[PDB]
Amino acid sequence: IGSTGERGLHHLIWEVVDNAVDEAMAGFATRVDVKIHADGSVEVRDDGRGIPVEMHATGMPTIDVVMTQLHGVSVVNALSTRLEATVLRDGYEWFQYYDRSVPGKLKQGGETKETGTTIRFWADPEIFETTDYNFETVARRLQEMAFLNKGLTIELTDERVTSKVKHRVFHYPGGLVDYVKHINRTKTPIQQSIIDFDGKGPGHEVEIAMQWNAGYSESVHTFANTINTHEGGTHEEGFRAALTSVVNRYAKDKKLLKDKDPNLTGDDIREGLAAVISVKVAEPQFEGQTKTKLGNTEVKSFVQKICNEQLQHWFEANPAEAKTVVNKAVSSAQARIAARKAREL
């Protein structure tokens, strides 16, 4: 669903673009092109493998079963006066169309060794209050996708003048590292390094980038399979527990925190932290009707395990930066304990 306002209109775009990004995550697509045409249609192109073309079990070509029956682009077809798919697959160009979701006959074009998919849809103005997509919204979401898919270039062209175009290219070879650099642009890093590491488990993967600034706020951004887990979840709780343990162990080992002193809290250690956590989950589980919270039990211990290993390594290897970061958290911990003692008296 979505809604039938700006949130829902834009979800049409996210549904088509997600299918392209799935090809990227699988290591097959390198390029996604998005156009907002003057007619109010949206076109999305990828150099993926193409939507499957061959005859399904249903008694119709596999692309048709992808575009009509729900549980996907089906939602988009259903809320569009027209959809058009051009597919490069199995050594041929193919074209298929839908008028209010009713398929035409899949047509075979000429030969090609190229593989990919192009989807063009016209949002139904009788369903949506406004069909007037927001360039700035679309650009901000595609930029975010580019940060999360290193090997991916995403091009945006808006051809609507309210003939000049609005054009953007989003390519971030550094991935999460570039994301952290972006977060910390208007702040003052207190370490030259950006911390970057990853782990691979069965049915899950994690990548983390982090860098501390001189500020007093936490800017930690969390993703499960590319989606922004705004309400957080088990990947963020995994990460939080491992960071609190590593910094307390290290502060005690290097005597930057007395034997007899209380542990540093997460509030103390994550003051000035810019970080991104991107997990992949073969079988994801979401909590709240928001659906923006990851509930997968085994992701907590997976993320915690990986962060423990890689942060221990990094703190061990980088004593001067580690001291700066631990001292910042120690001075924070002393102000928080003094503030609380004075409020409770």
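Residue numbers count along the first chain shown, from 1. Compared with the form deposited in another entry:
Treating the motion between the two forms as two rigid parts, with each C-alpha given to the better-fitting one, puts residue 277 and residue 313 in one part. Relative to the larger rigid part, the smaller one turns by 20 degrees between the two forms, according to C-alpha superpositions.
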Contents of the next structure:
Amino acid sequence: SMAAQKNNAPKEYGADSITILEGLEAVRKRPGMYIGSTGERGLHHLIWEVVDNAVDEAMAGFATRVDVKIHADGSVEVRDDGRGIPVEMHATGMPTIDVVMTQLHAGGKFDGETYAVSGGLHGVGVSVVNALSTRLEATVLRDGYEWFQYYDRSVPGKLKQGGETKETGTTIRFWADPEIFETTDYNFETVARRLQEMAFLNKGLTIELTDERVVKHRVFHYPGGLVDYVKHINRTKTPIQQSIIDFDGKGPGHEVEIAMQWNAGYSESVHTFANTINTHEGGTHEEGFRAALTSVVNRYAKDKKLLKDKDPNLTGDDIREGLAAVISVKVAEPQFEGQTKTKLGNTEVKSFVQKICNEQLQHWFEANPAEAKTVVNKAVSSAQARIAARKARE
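Got the form deposited in one PDB entry; any chance of the form deposited in another entry too?
Here you get just the chain by itself.
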């Protein structure tokens, strides 16, 4: 109708249509760019960023312990006994801790001088936590003293010098902003799972988790490393072989350890990591591993006549069904996909991991006929049963 008609022509698209966000404004306006979502997944990312920085001190050899506490007030506190965040004035004229807390693309991980091998690389993590917290407190033990700083809705207060101490390290306590997050209710089992991974990947490290909100205490320390991680993955799954396969390899700027064992189950349990970061969606290290494994198993099965010349090749899916594996890459110059680091991008890590897996898995299969035969049996007998059922579909 005439009455319904409105003056609703679109606004002019000009220079003033283009807005520039300040750094921390960009985190608050577009948190998904940095943490994926403002749901449970993104809330936990705040813990990951702070714990990753403590783990980076451990990987450098300075930290031996990470203490994580979820306080009754919903704040998270992460303590390490590493070198401490510098508090001396930065060239920019603020305390160095204020630089990292308030500036994007600021940090000590843009070269290999401070951390040779680190999960950190963007200079963003702790600034995101500050941006998306109503409050952040830091206690740094350095240069013979305690140092205290706080951030009030991301804005620094005045650095305060405390008492004398010979200890060094960093404590970060943050209050996730309820105006950003749909929930601030951390999941203890989610946090325990990730801290357990970090301990399995760093067999010298101890991590302690305490939840004071009204199991509330775990200690994570696994001197048996990736082999014990696979034992843990297979604990509910019934191993179909007595051995855990474990090997490593080294190239210019990169190393890999792989542990793996097949079970009686129908799930793929392949966990991939770079510099302790959980690359949930995989990437070049997982692709190299998968390529090698499918090649070695098919070559072995055909050589040993376990696969008929007629029979189609075993697929990656056929082979990885019932596989538990951990792939841990150490890389001087990681390429991660985004701040959530879901994938390793390094093109050179694909051929490196593929090469080491090809060599080590070919050797293992050749040297272990009884176990190799059971694994090939599993992969075949499954594929064969799946096809016979599919052909009986009416």
